[PDB]
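Below, in structure tokens: the form deposited without the named molecule, a single chain.
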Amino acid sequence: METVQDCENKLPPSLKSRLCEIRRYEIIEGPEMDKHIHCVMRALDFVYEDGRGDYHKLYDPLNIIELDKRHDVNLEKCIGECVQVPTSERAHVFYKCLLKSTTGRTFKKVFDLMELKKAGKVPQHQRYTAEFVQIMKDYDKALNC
């Protein structure tokens, strides 16, 4: 429905100048950030309305790129935490927690892939390849990043 691009188009002036930090997965505290990240996590279909992580949107994608028993653990852990916080902070807390975990490495790849898939820049079965990395680099560079 509403693209990650659409969320970057609401960024309060304070945040718009730090777009490259955000798109680099650097952490910045809200609730300006709290509600942009809920925008993007919702746009890529990773969270519910209340902003809770969807285990089932991530488990298979994470494991296809890097097969690791840790994804299950991290997903359970991070969903746990996003549940004990308020619904304006929740999507952002699940995001943050994942990136800190050992699933961070692969979550970033799944996130990048889903962003470009949804934008129609890469096909649906696109894998995290050397070509894909360059595709994202050029994508980011068109955004001044």
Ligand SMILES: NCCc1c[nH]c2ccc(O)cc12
Contents of the next structure:
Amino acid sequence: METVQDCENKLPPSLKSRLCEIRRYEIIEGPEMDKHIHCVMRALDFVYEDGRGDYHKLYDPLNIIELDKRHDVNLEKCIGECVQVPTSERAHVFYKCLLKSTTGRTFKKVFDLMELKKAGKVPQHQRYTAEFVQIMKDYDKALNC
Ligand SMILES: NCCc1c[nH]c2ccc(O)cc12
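Following the display of the form deposited without the named molecule, present the structure of the form deposited with the named molecule bound.
The complete assembly is shown below, putting the previous chain first.
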């Protein structure tokens, strides 16, 4: 039960400085970022221990928000990619691949929702509403973003 907060508190100071880029889903390369994104993808329960994207953790959640045959396709593609990289880089390649796909748009909603559900900031059945968007913005503002 390590949280996304636990992971950010742990960042090394070259990245702590760039927290707001990170939390904007902006892509930063490196083995620093490789380890942090493994930490967060595990905290949000999106990847296996070795960093492989879990299809079944994302498929239904993505489709509930945006019903789209493309989630299947993008999940299969991005899981395929992450398997072919080393385990240090795997979760981060999965994450990066998804954000670049047409699934990115909905992935960020699912990611935001899970982050705040796990933080106990919104109820477990919370949907992606205008209120939620404001809750996320205020949450980031408290972190200086
Ligand atoms: N609310 C999304 C925050 C967020 C998006 N991508 C991230 C990557 C790492 C992290 O600690 C946080 C994030």
